[PDB]
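Asker: Take a look at the letters that make up each chain.
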Amino acid sequence: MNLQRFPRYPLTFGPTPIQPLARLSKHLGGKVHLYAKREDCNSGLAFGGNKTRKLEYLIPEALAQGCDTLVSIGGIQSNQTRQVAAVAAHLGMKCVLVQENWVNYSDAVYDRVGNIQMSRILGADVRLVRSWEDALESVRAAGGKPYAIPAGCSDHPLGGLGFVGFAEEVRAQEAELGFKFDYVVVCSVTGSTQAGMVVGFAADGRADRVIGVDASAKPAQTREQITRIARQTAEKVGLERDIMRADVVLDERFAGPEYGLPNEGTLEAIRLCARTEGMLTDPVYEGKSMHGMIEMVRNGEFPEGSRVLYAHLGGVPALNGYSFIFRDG
Amino acid sequence: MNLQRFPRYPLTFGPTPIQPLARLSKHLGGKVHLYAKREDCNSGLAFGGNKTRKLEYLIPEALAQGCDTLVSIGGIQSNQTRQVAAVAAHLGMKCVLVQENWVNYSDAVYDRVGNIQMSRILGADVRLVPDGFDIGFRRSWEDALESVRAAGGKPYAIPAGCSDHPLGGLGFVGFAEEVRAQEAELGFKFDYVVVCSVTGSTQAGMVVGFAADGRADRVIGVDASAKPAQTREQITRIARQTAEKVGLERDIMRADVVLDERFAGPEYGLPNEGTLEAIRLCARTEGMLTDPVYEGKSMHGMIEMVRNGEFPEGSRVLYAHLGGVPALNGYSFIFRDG
Amino acid sequence: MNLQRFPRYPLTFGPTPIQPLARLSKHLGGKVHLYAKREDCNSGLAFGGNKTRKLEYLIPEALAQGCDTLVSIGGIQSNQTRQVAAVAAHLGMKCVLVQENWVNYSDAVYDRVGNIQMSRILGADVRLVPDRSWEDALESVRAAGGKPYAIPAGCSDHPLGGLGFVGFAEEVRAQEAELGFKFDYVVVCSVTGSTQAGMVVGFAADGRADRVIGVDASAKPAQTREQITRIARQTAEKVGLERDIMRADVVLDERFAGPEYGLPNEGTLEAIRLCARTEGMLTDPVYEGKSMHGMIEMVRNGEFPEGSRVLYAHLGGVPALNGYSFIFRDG
Amino acid sequence: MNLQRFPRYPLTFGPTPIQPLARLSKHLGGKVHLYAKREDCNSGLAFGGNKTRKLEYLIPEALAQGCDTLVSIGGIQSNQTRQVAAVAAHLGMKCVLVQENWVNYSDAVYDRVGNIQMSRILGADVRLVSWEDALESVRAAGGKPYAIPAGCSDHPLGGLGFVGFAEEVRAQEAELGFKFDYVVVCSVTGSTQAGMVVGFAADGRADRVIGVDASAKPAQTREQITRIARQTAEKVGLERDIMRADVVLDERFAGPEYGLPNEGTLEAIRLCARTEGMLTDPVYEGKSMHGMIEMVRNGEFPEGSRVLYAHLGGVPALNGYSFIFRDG
Ligand SMILES: *Cc1c(COP(=O)(O)O)cnc(C)c1O
Ligand SMILES: *Cc1c(COP(=O)(O)O)cnc(C)c1O
Ligand SMILES: *Cc1c(COP(=O)(O)O)cnc(C)c1O
Ligand SMILES: *Cc1c(COP(=O)(O)O)cnc(C)c1O
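Chains as they are written, first to last, in the entry's author numbering: chain D, 1 to 129, 139 to 338; chain C, 1 to 338; chain A, 1 to 131, 139 to 338; chain B, 1 to 129, 140 to 338.
Next comes chain D alone, as it looks inside the complex:
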């Protein structure tokens, strides 16, 4: 394939580090070697995260098109919109953000801390609620040229390139390390993160080793979006092969009870990971994929001796909108 055909706008410090989770691995029996790739520490732009890796490939187009405003959308504690607000500021572009409450949740400071607080400080015009279209038009009607960034960058022609590159990066680091990882655990909701990885690893025959962990609580739909985006993306990078449904793995056992709400297992995994490795995860995304990986290692689902690369996508700031649950740890 050929990812290099598309220009990448640098928004990250460079490749993200891989760290061993020796303590957590030993805690769970030492029969499986866990590692984490820190996408959550990839940028100095408001904490970054996977979304920022996705955006490096959308910005060249936004600039080429002469757009002067980044417009996006997400739930109240969306990580995507906060990263988009930080990139706009950094790029010298205006920013319009359509925030909808996508979660059946109602904490007192939900719309004033964490991600959305940062977006307002970063200068974004945060509009709390046709939602999407009205925003885009309003920009034109005001004399601007908006660049449309769909939820999570996922349903965008370029939204899948960022993680095809992740696979690339991983091969290079694997070479450096002198070994390869057997599986990759990643949280999936809108889909272009796992889709990019599916494609990038298809290139070396490990697509079905990318273990997605649904956090949408609507697996069928999510599973479909990953499959779709992947096929489209694989076509755009000239993957010498078509992506099959068998290339897509999405575990649905840890998404409950709803998108945006943690279950007791989610909280326990967040606590265990934090307390054994000093690495925080959130109750919406990463805590769910962390919960999945921990559970997998525990049920002996990984063969003894495997090397699992947990992709930490970010999300930590949302912790602030869930303060009551964590009041005592």
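There could be a bad hint or two in this list.
Stated by the list, open to error - Estimated spans, in silico, between C-beta atoms of each pair:
1) B/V129 <-> D/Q65: 35 to 43 Å
2) D/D191 <-> A/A150: 56 to 64 Å
3) D/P60 <-> B/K227: 54 to 62 Å
4) D/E100 <-> C/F133: 42 to 50 Å
Bear in mind the hints are in silico, worked out from the structure with no lab data behind them.
Quick reminder that beta carbons are idealized off the backbone N, C-alpha and C, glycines included.
Based on the hints, put chains C, A and B with the ligands in the right spot on chain D.
Answerer: Chains C, A and B with the ligands in isolation, oriented as in the chain D frame:
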């Protein structure tokens, strides 16, 4: 000088990046070139920050002594205690944190968001006392250390901000060195450094590190304590102790320790309108966030210094972003509309 | 019957006013005349409410027994514990409250505003279960040299817990005398049960026990219905009800308690807003908003005979509104 | 004088009760007998309070004038605005509130709990910052606005309510068989104490009305009370001039600023709540409660005096200062 004599436990990703603040530099007139060295992005351990650079030199001792618990102290939104808590978990050590409201402030969620929330999730024993308790007076610090022993553990004592500790200033001497190595990879030199100062060993380490090449008075400290006299004295003292510790064959002069006092108001922990405007300006031009307590104050200082033409034209100023952003969560009302 | 046999310690201003809800009645068509009796305005003790009417008949025993501490219990935003804390302070007694997280709700300031905030200011020892509490609480008092008067949840499951509301019916009769007519029905929110229990007994006296339409807010209908029926019969015996409480005497509509105790549904919110906007009378998302929702739907469904006169008992609970701030951020 | 000349629209349950504060009185020495007239329990309209007694004299005018929308203004945790919203709904009138950031206080839920929360639930259009703007906004919208200034105070009828309060107290002193020697009342916008001064000037006790400033700008507050007392004395036919000696305003307990409590404020709120079960707030009543307690403690009240504390309301604002009371 010889910092290499002291072992350093890795708690960071390695050297921290320097980035140009081109948009902000331009917005202010383009006369001064501003950059930021991102200490705020130095670690995977709960956002890390400057305190984490300091801890790298204390942990080897804690480990050699066979300590199984890290004990520290700080205000409700202390960044230090949050870093201590993550480093502890990472090392397989317990952690006890003595905390109290050290600010004349009282936001509804102050003790349940940001830094302290993370410390609890990280598994620390967060002993937050009610107002009027006065830990510093009852010396709750020592009682916590005793209770660890009492419970059969061996505590490693880490003072406020890590500063007033024999090894507390080594991390930032390392900073000056690192900066020298990057100035070489880059091919040019930084003329000044702007750093926020409260407990002092950050700026102290820098002073010792940069005196080694005649640039100590180029470290422009910006007080965030609102108690300049004490702070300046603490920095000076720590610098001299550290200088001697690393074999800096030179005295630290009063002239080597620079601490501006114009941006600390109105009190430790409380931002002024300038602080807020600085935070917003920097955030909106560079996508780089700063906080109402520490960095927003040193950002405000740097911006104001440039605006008043206090920097010689053409100067390259290296803003040291020490971290602290998680504390914004405790000041939500103030930023409710941006 | 003879309620007068049991002493009553003055904790309220006196009989509670009945106010017509003309705007709401008219807004709903005008076929049913809606009224509200203001139990929520019955006292100067931290806003009072239905529980403080119940407490007037329990305090004399507590004083009689020489107790020096009132101990009670309830959820985080419990109205009961707040009234207990205020009543205790007013009587010169200490107070210990066991508060447990009884609602699947997580709001950042849930344990720091409203009812619980007041209890702390009132001087109560507010003990939050982790995250046996009750007996440790009582014993802690004994161990301290004091003597506790145990007040169960909502003052309900206690020998005297049904008396307050028997008198409520007594009050309504005296007011109907001045009004020249009798209310056709009474709407009351029910959870621990002794409020509706006293009313059932109180109105059974003049054959209207079945006119007391309880609205379940517990989301555990069966249990609640049983607790009312049981507490009713016991109270009936305690006063002298010259009749027996039949299973047909206890009415409890289960349609408005959803989704769970302590959580409002969309109808609950509409009801709160409608009533507050047409009458300037506030209700809460846990209790009164649910009974209000019931009455409005009842009227709207033509379940009340045209021309009926319905007495909505407003039991209080408004301070809990503070624990649901996000839901009402825009009204 | 004659207040009866002016119509009053019933917004309250009727005369407010007076209660003995025996426990508190005993705690402070037993030398001074303290009571509380509960204006905070005067109405079914979202807790009411002193502002509600005022509004009873302004509503008739609004109605006569055929107004359809009540417009008022106040700080974020304003009690006045919440009462106007309640009265409004009750009268079937629209309501527009100009809520300003009048306090140097930063709390995460300050604009979402307590008084303002109620105003929104009550259907009022709550605008966060303008006065003239909102009024015009109403007209331009096709409605007729009735303007209610901050605290109902600087208004022709704004002083009538509390003249009535002195009337009520006289009638109750008659039933009790004794008279109070002083009244303690918290003052900020002024017409509450003004009405009292005029009401009690009638029987020679205007100077026994002891106002405690909570504005932290005693100068302006004292002048507003005086000016309003004069206009109001004229309106009611008081046959005397209001002298500066008739306006007592203690400045010692207002600190550090309007809307912010001091430690004495907090101590006072706790003491009163813990001895009587009567709550007070950190902006208004807690400050007047603090004042009364201190006065007693200093022996400033002659032994044997009966002091009627006027509890103006304000408790819901407690929700905006949650952190301060987290441990009691
Ligand atoms: C968006 C997001 C995800 C899920 O990524 P998708 O590409 O939308 O499936 C996981 N974790 C975090 C922290 C995110 O922001
Ligand atoms: C501790 C701290 C400072 C000040 O450093 P000192 O060594 O205590 O003077 C500045 N910024 C942040 C974010 C900090 O945590
Ligand atoms: C306790 C309570 C109820 C229900 O009364 P029970 O006697 O427990 O059935 C209803 N409303 C409010 C405001 C309450 O506090
Ligand atoms: C408005 C108010 C005051 C002060 O009354 P003024 O007539 O404005 O002097 C005191 N207490 C409370 C609770 C108030 O709402």
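Asker: Given a hint of 54 to 62 Å, does the C-beta separation of D/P60 and B/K227 actually sit inside it?
Answerer: Taking Cβ atoms as reference, D/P60 and B/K227 lie about 59 Å apart, which means the hint holds.
Asker: Against the range 42 to 50 Å, how does the distance between the Cβ atoms of D/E100 and C/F133 compare: consistent or not?
Answerer: For D/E100 and C/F133 the Cβ distance comes to about 44 Å; the hint holds.
Asker: Taking the Cβ atom of D/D191 and the Cβ atom of A/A150, is their distance within the range 56 to 64 Å?
Answerer: Hint holds: Cβ distance 60 Å, inside 56 to 64 Å.
Asker: Given a hint of 35 to 43 Å, does the C-beta separation of B/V129 and D/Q65 actually sit inside it?
Answerer: Given range 35 to 43 Å: holds, Cβ gap about 39 Å.
Violated hints: none; the structure is consistent with every hint.
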